[PDB]
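The chain below stands alone and is given in structure tokens; this is the form deposited in one PDB entry.
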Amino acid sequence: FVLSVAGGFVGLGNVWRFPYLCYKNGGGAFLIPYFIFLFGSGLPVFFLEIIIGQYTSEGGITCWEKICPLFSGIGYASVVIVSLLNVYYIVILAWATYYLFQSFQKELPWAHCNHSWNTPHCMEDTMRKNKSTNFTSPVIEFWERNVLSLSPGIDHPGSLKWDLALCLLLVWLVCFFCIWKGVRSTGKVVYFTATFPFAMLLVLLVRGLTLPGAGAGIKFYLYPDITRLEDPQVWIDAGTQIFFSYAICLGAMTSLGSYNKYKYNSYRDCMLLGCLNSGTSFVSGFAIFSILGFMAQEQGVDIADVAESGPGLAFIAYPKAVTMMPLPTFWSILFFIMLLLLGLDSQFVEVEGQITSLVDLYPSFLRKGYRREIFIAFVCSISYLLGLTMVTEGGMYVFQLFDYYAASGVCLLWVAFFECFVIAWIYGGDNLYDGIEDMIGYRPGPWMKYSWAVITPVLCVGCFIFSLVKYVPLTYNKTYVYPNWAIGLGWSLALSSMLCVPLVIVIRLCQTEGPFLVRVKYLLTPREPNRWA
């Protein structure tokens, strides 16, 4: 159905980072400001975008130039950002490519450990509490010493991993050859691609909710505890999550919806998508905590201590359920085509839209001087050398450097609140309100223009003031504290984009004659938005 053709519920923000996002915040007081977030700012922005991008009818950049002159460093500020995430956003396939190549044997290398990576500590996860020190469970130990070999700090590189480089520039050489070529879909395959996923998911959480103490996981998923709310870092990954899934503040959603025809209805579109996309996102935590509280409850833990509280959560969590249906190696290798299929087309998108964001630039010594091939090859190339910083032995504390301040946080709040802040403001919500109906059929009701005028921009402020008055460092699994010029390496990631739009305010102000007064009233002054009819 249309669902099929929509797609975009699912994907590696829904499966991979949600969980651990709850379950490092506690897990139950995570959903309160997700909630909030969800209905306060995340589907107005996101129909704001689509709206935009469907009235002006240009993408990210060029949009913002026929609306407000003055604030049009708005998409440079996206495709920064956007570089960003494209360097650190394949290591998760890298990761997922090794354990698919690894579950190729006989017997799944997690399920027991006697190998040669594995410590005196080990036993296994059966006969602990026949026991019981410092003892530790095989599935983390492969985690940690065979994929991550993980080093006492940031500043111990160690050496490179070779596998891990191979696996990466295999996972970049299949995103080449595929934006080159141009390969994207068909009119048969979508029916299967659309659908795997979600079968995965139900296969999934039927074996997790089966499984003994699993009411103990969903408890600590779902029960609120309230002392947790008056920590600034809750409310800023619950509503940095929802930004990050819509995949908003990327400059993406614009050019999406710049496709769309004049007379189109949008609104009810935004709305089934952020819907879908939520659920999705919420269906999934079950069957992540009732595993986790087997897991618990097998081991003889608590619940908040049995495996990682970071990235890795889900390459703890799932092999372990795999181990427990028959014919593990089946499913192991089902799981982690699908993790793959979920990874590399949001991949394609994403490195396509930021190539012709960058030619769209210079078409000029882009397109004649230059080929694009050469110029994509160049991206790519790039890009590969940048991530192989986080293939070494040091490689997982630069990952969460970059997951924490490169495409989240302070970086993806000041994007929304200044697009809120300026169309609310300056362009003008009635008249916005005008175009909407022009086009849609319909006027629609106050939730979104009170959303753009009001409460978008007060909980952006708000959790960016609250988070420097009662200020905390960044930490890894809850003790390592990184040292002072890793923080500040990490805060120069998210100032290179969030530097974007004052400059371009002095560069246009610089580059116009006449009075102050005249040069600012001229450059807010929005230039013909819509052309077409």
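Numbering follows the first chain given and starts at 1. Just so we're on the same page, rigid core means the largest C-alpha set that superposes within 1.5 Å between forms. Compared with the form deposited in another entry:
- Just one residue from the list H115, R367, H121, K219 crosses the 2 Å line for C-alpha shift between these two forms on a rigid core fit, and it is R367.
- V15 shows a C-alpha shift below 2 Å between these two forms [criterion: core-superposed Cα displacement of 2 Å].
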The other form holds:
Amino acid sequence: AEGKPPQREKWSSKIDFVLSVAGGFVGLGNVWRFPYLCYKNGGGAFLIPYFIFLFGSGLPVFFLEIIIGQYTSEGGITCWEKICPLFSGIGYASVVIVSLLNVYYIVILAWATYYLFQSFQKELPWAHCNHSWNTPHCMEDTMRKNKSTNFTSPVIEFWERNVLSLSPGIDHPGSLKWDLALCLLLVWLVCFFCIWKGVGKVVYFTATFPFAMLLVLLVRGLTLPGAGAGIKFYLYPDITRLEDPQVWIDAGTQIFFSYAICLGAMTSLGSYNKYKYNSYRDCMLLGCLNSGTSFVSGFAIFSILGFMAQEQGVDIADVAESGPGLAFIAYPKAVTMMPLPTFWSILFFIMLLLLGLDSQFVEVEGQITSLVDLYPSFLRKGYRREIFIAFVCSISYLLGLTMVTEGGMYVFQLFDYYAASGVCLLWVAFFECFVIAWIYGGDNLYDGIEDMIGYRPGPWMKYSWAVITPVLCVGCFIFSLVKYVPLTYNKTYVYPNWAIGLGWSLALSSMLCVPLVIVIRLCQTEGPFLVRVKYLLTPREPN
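Could the form deposited in another entry be shown next, to go alongside the form deposited in one PDB entry?
One chain, no partners, no other molecules: that is all that follows.
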């Protein structure tokens, strides 16, 4: 009838938790989004707000999500019923955010698959510019300085004329690309078959190959000439850029995105932990590993960029796209200089695919588990769950088909900025921290943490939950709103008004779930307003 006793099968060993978390929040957000966002925001001044957010609101919120999941023993959509039923809309907002993120998180893997397929031939296409797709301006980067128009390198010509085939603006959708659609279908089929059945010895190889490949890339990048200028550009900050809301709104949002918080996945992962498991040290070490990985990789990219700038003769700020395609212009160029380029290119794209696939598996499984926990009778047992998973995957693929046309890069950039990024994360993080600090009780949460982990933590977590996170969120929100700046692609193309309206609607769709739930709960209860709000603030609504 109720079938509750099965509950949630706890992890077999803490190793399963460590590996699942590491594969969850260490993915493409460390090796693809961090370098290009750092490059876009001047470079060097991006680190101060980055570390300020990381040490004030990045790790405490992740630990709060994990500890809430371990405490309530419930997913990311039902745990708020046992904490604050009035503010139960946070779970729905997180579900919407992760659903919108999973749609566009796969196009990067589709591009990686296309590159890997194209790299299986004798000579790499992005090494010479005598191919058909090349324009009359392409000039080998070796001869660029010797000669002197606006010549374009073969690597960029390839990226913007074979994989992308860009169109003049979002007004023109061109025609659907079929090879990219096939790659998208292949990736989605692999993901569905992995989630459907299955999650010993290959798990020790999946979690070690990317780090070795990254170390090899770092060694090659540091060995290259001209790396000193790139490192200096990467590290030395520009204090005159901090007076712009873009730097802060990018650094804080990137910190929130890279830790996979405000998504309902960390809570679901922590829900499987034991009630007497010391998760504090493990969470701190995993956060340290994530931050260390994202920072070291940047040295490899910025040294390659400095070498490219020195070789071509142009400045370090005009050597690549400065957009969502920096990782497809920097690393493929460095692969060419290595001996036996094809082998290294294959290995690099394989590790990129693995890094993306692990995170995609984790997030999709978390979302499906939350939606199943919502309804544990109809969407459960046998054939009624696989059909639901297939329906979700098919709908996601059909929606993501919009980003593989001749003008899908603009839609991808709009999705990246507005959906699952920007102010929709700040809103949810602020509401979570404010509720936990000022309604349930930081002291009560600390008592529970001391009961379950064994020793009472320090005041850093309480202070960050109480004063440091909401202040930063509100300040960043107001600063961004007051000094409005429109979004542009490659700092040259300006979007139409309706595109900005669509992006703001995408953000508001996730943002507008808390007041709706508040109103519905208020009108679903009988009695005076004050009596209703007081009863809907009591933590133990069920049991």
